[PDB]
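The chain that follows stands alone, in the form deposited in one PDB entry, written as structure tokens.
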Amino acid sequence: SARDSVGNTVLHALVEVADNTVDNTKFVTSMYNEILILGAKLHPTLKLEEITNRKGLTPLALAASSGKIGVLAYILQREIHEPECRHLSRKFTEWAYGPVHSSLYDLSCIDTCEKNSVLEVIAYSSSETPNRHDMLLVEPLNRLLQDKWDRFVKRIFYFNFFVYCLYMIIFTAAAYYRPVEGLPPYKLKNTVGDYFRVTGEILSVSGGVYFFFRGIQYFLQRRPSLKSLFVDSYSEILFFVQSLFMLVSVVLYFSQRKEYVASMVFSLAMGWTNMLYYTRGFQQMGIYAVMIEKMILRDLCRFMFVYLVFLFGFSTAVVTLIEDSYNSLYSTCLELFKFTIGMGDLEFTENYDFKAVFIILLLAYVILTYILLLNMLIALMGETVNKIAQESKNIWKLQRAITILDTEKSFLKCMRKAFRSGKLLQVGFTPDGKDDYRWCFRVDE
């Protein structure tokens, strides 16, 4: 039961030295196996893998968190059937048929840990985990998540998506049929239309408060950092910001400001786009939402900086050039923006001098932006998509895993009765003269 200065034991050290190469994988797995067996023989009373570091991470949890696929895949699929060693086996084989094995896996601290489980550390990783997307392909995790999806989570997720659709329809109806008199709040009339509208407004604000508190719960439970605040937590941030716009709309509504509409429409717009959160977790249709997240966070910042540099530079040049209607910098910025959307006039004003200078500026602007910068954006998108589609293919599973964990955490029964299988003695051997059962889960493959 040795420990290091950080508080971790030797098995954590074996995890850390991993780098997921073939020879490193062989070395680390062999050292893990041998040291664990030796620890069993010297101290059969005390298990090493139960020992956490100062961060409360077991070697399995550290291997999962740090993105070590060789180590995690070894540990989760570690079958030990030797004398005085079976009692630390992670999995077993009941039926040893040729094409198919009826393996049984111990799910201790993989679903329920009460500190942090393998699924929890994988799904709630910091996004720096190099193999988190492929880490769930490890047999017990893949089959466990698929089982939990089909068992109860699929229905709950579809119900939540349906309810969100109802919420957005109600919100859209309540906002669309908003009153057009001045100075809110608006007195209710006894007509049924006002009762339906105010019910819609109340449900809209109720959903806003729900998402607001859900966002707070997420941020408090996760405590993310600014450096990775948007790289992770993107969907939760968008839902939280939607709720923020809803609540600012409520404040302005009861503060007697027309500007409540200014907030409400944004929330409404955000609300509909937030339906893409529910498309993630579908392999067929979730690709676009993941790519939108990735491109907005990664690619849109640099492109928009360059594009705005071009647009502002040429807009300032043009608005300087003209003199007298379009003399504002805003109008010129909009006119130069129109070229991007294929609606630039290319002679939008005569009130100026030096025709050649003006047309040269506009031609250079459209060549640089419309013909060149946009096509360069397309080229970079083509390259990066060609590289990352294979990653999005697994971001599917990763988001489904997050969904499963969130559903288990809520669960709406005030209980954690979400276990799958196991009612009989599992191991058949202990260092003592007893037997143990640790939530055996069967995988036929």
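Numbering follows the first chain given and starts at 1. In this text, rigid core is short for the largest set of C-alphas that superpose within 1.5 Å between two forms. Compared with the form deposited in another entry:
- The residue among 163, 209, 85, 169 whose Cα moves by 2 angstroms or more between the two forms, once the core is superposed, is 85.
- Residue displacement note: residue 180 has its CA displaced by under 2 Å between the two forms (rigid core superposed).
- The Cα shift for residue 100 between the two forms, taken after rigid core superposition, is 2 angstroms or larger.
- With the core held fixed, the Cα of residue 407 is displaced between the two forms by less than 2 Å.
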Second form
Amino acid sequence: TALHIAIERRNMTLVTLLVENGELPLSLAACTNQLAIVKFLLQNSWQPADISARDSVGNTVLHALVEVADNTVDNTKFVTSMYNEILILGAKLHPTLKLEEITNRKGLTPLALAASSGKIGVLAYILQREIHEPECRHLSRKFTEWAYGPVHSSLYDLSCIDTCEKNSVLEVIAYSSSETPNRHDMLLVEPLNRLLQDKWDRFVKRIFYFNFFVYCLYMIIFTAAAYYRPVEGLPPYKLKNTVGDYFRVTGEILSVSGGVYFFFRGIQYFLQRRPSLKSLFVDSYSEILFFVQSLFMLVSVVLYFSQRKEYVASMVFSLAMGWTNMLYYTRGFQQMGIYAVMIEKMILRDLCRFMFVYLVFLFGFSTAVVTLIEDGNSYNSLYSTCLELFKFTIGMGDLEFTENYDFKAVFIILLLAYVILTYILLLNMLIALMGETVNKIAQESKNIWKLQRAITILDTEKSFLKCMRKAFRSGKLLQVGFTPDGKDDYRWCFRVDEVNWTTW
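Let's compare: the form deposited in one PDB entry is above, so bring in the form deposited in another entry.
Shown below: the chain alone.
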């Protein structure tokens, strides 16, 4: 369109002429860093302009402005500034309107959309912004109720940061698809960090240490019940009149109850999140395993009741998975909570792509060796020779594992070539790649600790809504500001402490 083409052309004379006589006009002008035109467009003698009018697509002026943010320091400063002048102009025209509280058709606030998009700068500013002109401090968030000097206590609005019945600032930062570029560090901002720390130290630390204790108890019960399973006859085994048998039956029913509980808590999670298959493992990997080691026990139950003795095969895998899943509860520790994150990454990246490169070698040399052997031990089987070759990779093989071969030069050449390629070369580069992975996710991922605490804190908070949803509310309904209408702004503020020396 020409009327917007001229605006995008940085033309002021034509803009004024059109006034006399982002796809929206205001949004299109704003996104181009004209700035002064925004004020000129906002009000004009020929006709005024309105920002409250939402776009057909659903993005208002604020949504459009945050849309263009591309996480650049200069870009961050520009966008946050121009956002501030847009808010100031809106206040000047009519302070009654609440632009930020206004939302798109999809129910996303500018703060929530900034969080989901991953715009760290805009979210950081909006979360904490202090206005000094008292007549214009209504729409400020980071206050300074009292600064004694060395310490300058501050108050943060935290309206939709915690108590929000919609997508909140933390929910989006911890329950999203995890493709956002800076979710890892984006919750180190001023209010969120201390809010989550307070939540944990006050209300969630016990409810988590309790869950770990109950899980350990459940796993001990399950191990004891599985270890002492009857071995005579076919299931179901009729109860016997012994204290041990009844006590074991209690253990078994506890095991099955836990299994069904985990199955349902997994199914409800997968209906709540609807994770994409391509991102099924990357995002929620600690949630797939708790579901699978309950699927195993459900299969075990159905096999056990249907006159079958293969249920042990299922139950044993469930037991091993249940024990090895106690690394999900190390997220509550910084020092030891990074080992559960190294295994997760190495099993999915370093050990998943490297298996294709290895099974090729193993199968090639296995077929070679097995065809070389006449069989005229029973080593002619492909499985047996594929297992004898695997032992070489873990340093407990034996060169002379067969003699049915007619040719001794060729067989030993093949075996030595395999040993050199896999034991000495492939292993020593897989280990090198694991070195790089450990480097990375031990030097930069030291705050996946914080991210995992955010996820578990939100999970527990959602869990205990029935117990205390409104009561378990962070922050105090304190008075820090006054509205233009004359009412007192009672905001759910969160006290904060900070110190600075050089400023004096």
